[PDB]
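We begin with a single chain expressed as structure tokens, specifically the form deposited without this ligand.
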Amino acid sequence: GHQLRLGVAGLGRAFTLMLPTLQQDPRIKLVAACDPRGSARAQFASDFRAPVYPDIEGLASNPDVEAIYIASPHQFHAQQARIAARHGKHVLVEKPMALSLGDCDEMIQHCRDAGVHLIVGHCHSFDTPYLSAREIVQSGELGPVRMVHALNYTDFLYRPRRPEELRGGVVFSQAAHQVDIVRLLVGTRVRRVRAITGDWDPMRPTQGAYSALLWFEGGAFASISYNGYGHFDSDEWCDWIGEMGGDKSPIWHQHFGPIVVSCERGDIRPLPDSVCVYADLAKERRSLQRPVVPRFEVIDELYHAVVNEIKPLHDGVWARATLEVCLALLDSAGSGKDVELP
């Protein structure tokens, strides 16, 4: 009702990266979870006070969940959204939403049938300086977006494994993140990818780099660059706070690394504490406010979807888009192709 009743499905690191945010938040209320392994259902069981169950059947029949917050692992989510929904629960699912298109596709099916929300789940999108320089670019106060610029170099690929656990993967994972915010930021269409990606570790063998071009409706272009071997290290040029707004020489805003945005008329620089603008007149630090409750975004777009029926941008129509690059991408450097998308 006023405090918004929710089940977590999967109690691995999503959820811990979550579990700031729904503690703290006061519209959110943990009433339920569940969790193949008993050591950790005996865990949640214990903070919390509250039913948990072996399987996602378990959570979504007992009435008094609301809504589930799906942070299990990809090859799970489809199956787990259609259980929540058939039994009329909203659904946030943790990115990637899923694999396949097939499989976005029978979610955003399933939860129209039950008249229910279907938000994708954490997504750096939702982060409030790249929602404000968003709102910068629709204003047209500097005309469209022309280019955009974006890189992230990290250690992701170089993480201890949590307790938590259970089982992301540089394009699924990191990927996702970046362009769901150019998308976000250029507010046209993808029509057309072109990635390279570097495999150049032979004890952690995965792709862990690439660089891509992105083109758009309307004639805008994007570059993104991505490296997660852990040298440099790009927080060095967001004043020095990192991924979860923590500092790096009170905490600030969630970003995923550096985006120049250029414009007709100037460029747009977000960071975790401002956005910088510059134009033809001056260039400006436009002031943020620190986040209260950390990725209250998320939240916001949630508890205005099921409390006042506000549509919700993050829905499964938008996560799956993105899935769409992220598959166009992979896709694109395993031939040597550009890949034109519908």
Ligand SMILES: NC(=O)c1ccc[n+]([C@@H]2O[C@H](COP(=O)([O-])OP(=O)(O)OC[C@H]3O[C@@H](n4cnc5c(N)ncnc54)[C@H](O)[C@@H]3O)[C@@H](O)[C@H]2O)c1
Given for the second form:
2 protein chains.
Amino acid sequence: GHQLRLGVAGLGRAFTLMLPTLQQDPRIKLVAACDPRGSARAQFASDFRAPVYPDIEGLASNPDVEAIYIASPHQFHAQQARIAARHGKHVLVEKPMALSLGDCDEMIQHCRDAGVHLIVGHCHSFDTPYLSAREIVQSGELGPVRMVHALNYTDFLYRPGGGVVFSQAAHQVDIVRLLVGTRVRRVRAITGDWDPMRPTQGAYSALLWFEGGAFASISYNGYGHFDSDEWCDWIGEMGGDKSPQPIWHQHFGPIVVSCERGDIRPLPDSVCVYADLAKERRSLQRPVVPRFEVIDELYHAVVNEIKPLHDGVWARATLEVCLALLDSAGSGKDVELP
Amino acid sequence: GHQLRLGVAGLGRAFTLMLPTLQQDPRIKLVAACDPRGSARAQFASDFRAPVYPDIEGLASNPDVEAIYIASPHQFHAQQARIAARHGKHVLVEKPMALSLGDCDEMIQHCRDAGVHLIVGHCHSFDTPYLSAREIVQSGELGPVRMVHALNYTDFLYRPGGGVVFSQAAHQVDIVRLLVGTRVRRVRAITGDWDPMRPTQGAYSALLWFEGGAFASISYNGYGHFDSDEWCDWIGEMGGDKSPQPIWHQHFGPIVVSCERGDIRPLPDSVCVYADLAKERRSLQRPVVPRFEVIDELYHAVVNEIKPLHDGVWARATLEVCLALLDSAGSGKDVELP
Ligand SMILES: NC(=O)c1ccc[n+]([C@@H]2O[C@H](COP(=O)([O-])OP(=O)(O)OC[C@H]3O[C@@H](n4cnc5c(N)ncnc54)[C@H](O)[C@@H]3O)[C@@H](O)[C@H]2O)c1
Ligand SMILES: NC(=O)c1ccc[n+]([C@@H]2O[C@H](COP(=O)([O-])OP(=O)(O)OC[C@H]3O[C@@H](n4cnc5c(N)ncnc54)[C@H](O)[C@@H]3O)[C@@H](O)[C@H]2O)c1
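With the form deposited without this ligand already on screen, would you show the form deposited with this ligand bound?
What follows is the whole complex; the chain from before opens it.
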């Protein structure tokens, strides 16, 4: 309708992170949920006075549900979608889309057949400062992008096989895909794994070659020592102030975009443009609803049939990059992208 | 003597940058100079009431000169040293040492034969904060270095074959060589060249593999838009406060050193240690004499026969890395190092 009857599949962390968006946004009503855990079902049914179910089989059979936000573990993503599609439901699934490229192909096909929209869940490439930055790149005001440099140093690895590559490199790659705006053509990466305790790849650095000359360097460190939010005006990833409650925009650490005539540096509270004149802080409005840019995508895809940017085909390319990384670090070698 | 009779070959920029050190440091007396340009000679002779000369042939023949700070263009470095050595003078030559590896080999040999010290001039790897950081790594307090991430965004390219690689990547490589402390084994680099006006390689990003696992990412951008000193407590490269008074230490932009149990972040005014419990800012003393760490190296090499760290064999390895970079960017393949 005017308002959008939304069903949630998977009632954990992704869900709770997404939760204050869903309430606050006038265009969204939560109408139904599913989870295997009944205490979650008990939970949801109570707060929302709404039907709950064991499987997605339940939620997708409910005629009152217009689209399903799939917010469960990665390995269920593909199957869950294939079903929601079967029953004519729009899908918003969380990063990563899926673990495999095949999975992705199927997901996009199952959705194309059922003729329903497929969007990928809060990616940080949705955040206003970045979208605002891409606008500046779009305008051609600073000429084209030549070099992107992005870092993030977080406590993720200690927040209470790939791990950081698939969850965290995704956000990072998606922002750089967003901002450069051309295709990724080659990737070269090093992962670090140096805590026995938490024996996963906890940091990386990578080089990306882009179509038409631009290149990018991405570095992630998750071992929770240095906190890169110091260089983002002491605003946390979810918009809250960490400085030593009207939140700010979301981000994924320090990014610098170098274009021919200038440097763009998006912030949670503004976008700085370093130019031929000099410094410009063009400030941003305090987001009224957190992560509302995700809803707009969904809302306008379903109500007004507008191609969403962050569709299944986009997400698939980011994943492609994620795999290429882990292959580069995995072997000794570069990975060209066909 | 107690004091050190020093002769200067080449009286331009490097010289003037080094000049307030030379005056202020009690252990150094300027006694002689040479330059081809007589207005420079006129200049030096007047301020310092001292003998000046056309060639280094002159300065090296002066019996009163104990060592020569060679601060001329790169292509003269080798020859000038060969001579100063021939005449038994110690050499402090400016980055880069030389242009070629052969040149380097000869320089070190000419100096080993004449049995005189050879040190490479103000490298930023001399700066207190970095030396202090290496101390922390030395102590083993944080376990070994795993990943180094270093960036610098400057106005160098517009300050009134590959210019930034040899001048600027040198400082950067030297700091990372300093701090990791093991051998560089492989390099992969991308340079950008995007101003027709100033058609040089003005930016790069690189991956460095080190002996025994650690890796590093270095990024330089010289096109003078964004200023990375924002993230160094708004203190300039030569210690002056940018912001909105005795100087502070020298630096070369934001560096983060990740060791197994924590992250070290050197600053011009302190060294931050992030580890278990909290932030630690261990502060530093305001340098009494700018770049005094260069003099100590020289002074202790000549008076007290202490092996200098930044010797000709060190500088040669940095240059080796610098060449490897320009080869990687040049060919788009990796470069292993022997
Ligand atoms: N971009 C973001 O904001 C963000 C946040 C965190 C994680 N994520 C994504 O969200 C996903 C889920 O959130 P989370 O894992 O952080 O929290 P979580 O593991 O606590 O929540 C997921 C829950 O979904 C339930 N679930 C629903 N349908 C299921 C099914 N068919 N099979 C099994 N379990 C099912 C499970 O009970 C599980 O506990 C992650 O796998 C990841 O893809 C992205
Ligand atoms: N780390 C640092 O502080 C720093 C600073 C700037 C540049 N550098 C190094 O300093 C070197 C020289 O300083 P600069 O180039 O910035 O200033 P510059 O070019 O104005 O000064 C060098 C001067 O040396 C004189 N000279 C002396 N002997 C000479 C000879 N035999 N042939 C020709 N000229 C001779 C020339 O007159 C020349 O002008 C550079 O090549 C570079 O290696 C490093």
